[PDB]
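My request is simple: use the sequences and hints to build the entire structure.
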Amino acid sequence: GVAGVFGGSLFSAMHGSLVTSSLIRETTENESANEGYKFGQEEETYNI
Amino acid sequence: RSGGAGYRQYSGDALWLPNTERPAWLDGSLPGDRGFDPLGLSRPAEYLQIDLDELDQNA
Ligand code: CLA
Ligand SMILES: CC(/C=C/C=C(C)/C=C/[C@@]12O[C@]1(C)C[C@@H](O)CC2(C)C)=C\C=C\C=C(C)\C=C\C=C(C)\C=C\[C@@]12O[C@]1(C)C[C@@H](O)CC2(C)C
Ligand SMILES: CC(=C/C=C/C(C)=C/C=C/C=C(C)/C=C/C=C(\C)C=C=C1C(C)(C)C[C@H](O)C[C@@]1(C)O)/C=C/[C@@]12O[C@]1(C)C[C@@H](O)CC2(C)C
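Top line first, the protein sequences correspond to chains A and B. Just so we're aligned, residue 1 is where the first sequence starts under this note's numbering, counting upward by one. Just so we're aligned, residue 49 is where the second sequence starts under this note's numbering, counting upward by one.
Just so you know, these hints were derived from the structure itself, not from any lab. Incorrect hints may have been included.
[Unchecked claim] Chain A is nowhere near these chain B residues, computed Cβ spacing over 10 Å in every case:
#, residue
1, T68
2, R70
3, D81
4, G88
[Said to hold, decoys possible] Now the in silico label distances, taken between C-beta atoms and shown as ranges:
#, chain 1, residue 1, chain 2, residue 2, range
5, B, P92, A, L18, 45 to 53 Å
6, A, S22, B, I98, 24 to 32 Å
7, B, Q105, A, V19, 20 to 28 Å
8, A, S22, B, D104, 20 to 28 Å
9, B, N106, A, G40, 22 to 30 Å
10, A, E29, B, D81, 54 to 62 Å
11, A, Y46, B, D99, 30 to 38 Å
12, A, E26, B, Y95, 35 to 43 Å
13, B, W73, A, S22, 51 to 59 Å
C-beta atoms are modelled at their ideal positions from N, C-alpha and C, and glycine is treated no differently.
This is the structure:
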């Protein structure tokens, strides 16, 4: 159980940080990076 | 009177070493120029200009 939650916490942080690190540039620096994603996009928002 | 008796009248440019060359930037015109600049502090310095980092958050 501890490995489940420590690992799950690790994997959540790694997956979240890896996807955030790979966001394709679609905005400026005066806007949130979240704005680069439009709900319903057919294309990928980060480079796997 | 002449002399050349108790001294050796050798001909040369008095430098900080018995044999060496004046640095190119030390001509010898200034008073006290003995060709002494091993660190080259008076060597004409060369600098590079870097452009202004872009810090516009609208870009
Ligand atoms: C750093 C040390 C450490 C770590 C990482 C853990 C980690 C864990 N412990 Mg442990 N423990 C520790 C030290 C530690 N323990 C020590 C020192 C002791 C002795 C004092 C214990 C004694 C202990 C006991 C007795 C138990 C644990 C249990 C657990 C697990 C509970 C988490 C879970 O399964 O949630 C599970 C999710 C739930 C239990 C509820 C889910 C939510 C329901 C389904 C719905 C609720 C919705 C809500 C009410 C409404 C919200 C609506 C809205 C407000 C959003 C977990 C993996 C428990 C376990 O193993 O699980 C059975 C267990 O009972 N530990
Ligand atoms: C300003 C200075 C002295 C000033 C001192 C003063 C006013 C003292 C004041 C007082 O004492 C009184 C009167 C009375 C006391 O009761 C009180 C105090 C207040 C204590 C000396 C500078 C002192 C400066 C010095 C010694 C500089 C040395 C620089 C050198 C040697 C550089 C040589 C070279 O640069 C060349 C030429 C060629 C390079 O390539 C190689 C190197 C070797 C680097
Ligand atoms: C009467 C008197 C005499 C002084 C004599 C001196 C200075 C002799 C120097 C004598 C010094 C001598 C001879 C030095 C000579 C050095 C030379 C030529 C050296 C050199 C070189 C070489 C070799 C590197 C290379 C080449 O050859 C040229 C040269 C030049 O580059 C002094 C009197 C008083 O001192 C009292 C006794 C009490 C005080 O209170 C009052 C007063 C009046 C000051």
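Evaluation of the provided hints:
No beta-carbon of chain A is positioned within 10 Å of the beta-carbon of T68 of chain B; the least distance is around 58 Å. The claim that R70 of chain B lies off the interface holds: its Cβ sits roughly 55 Å from the closest Cβ of chain A, which is beyond the 10 Å cut-off. No Cβ of chain A approaches the Cβ of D81 of chain B within 10 Å, the least distance being about 56 Å, so the stated non-interface status holds. Taking the minimum C-beta to C-beta distance to chain A, about 44 Å, the non-interface status of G88 of chain B holds against the 10 Å cut.
Our hint of 45 to 53 Å for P92 of chain B and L18 of chain A holds, since their Cβ atoms are close to 52 Å apart. Taking 24 to 32 Å as the suggested C-beta distance range, the pair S22 of chain A and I98 of chain B conforms, at roughly 30 Å. Take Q105 of chain B and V19 of chain A: their Cβ atoms lie about 23 Å apart, and the range 20 to 28 Å holds. Checked against the given bound of 20 to 28 Å, the beta carbons of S22 of chain A and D104 of chain B, roughly 24 Å apart, stay inside it.
Taking the beta carbon of each, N106 of chain B and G40 of chain A are about 27 Å apart, inside 22 to 30 Å as hinted. Roughly 56 Å separates the CB atoms of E29 of chain A and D81 of chain B, a value that falls within the hinted 54 to 62 Å. At roughly 31 Å, the beta-carbon separation of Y46 of chain A and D99 of chain B lies within the given 30 to 38 Å, and the hint holds. As the Cβ distance of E26 of chain A to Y95 of chain B is approximately 40 Å, the hint placing it in 35 to 43 Å holds.
Taking the beta carbon of each, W73 of chain B and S22 of chain A are about 54 Å apart, inside 51 to 59 Å as hinted.
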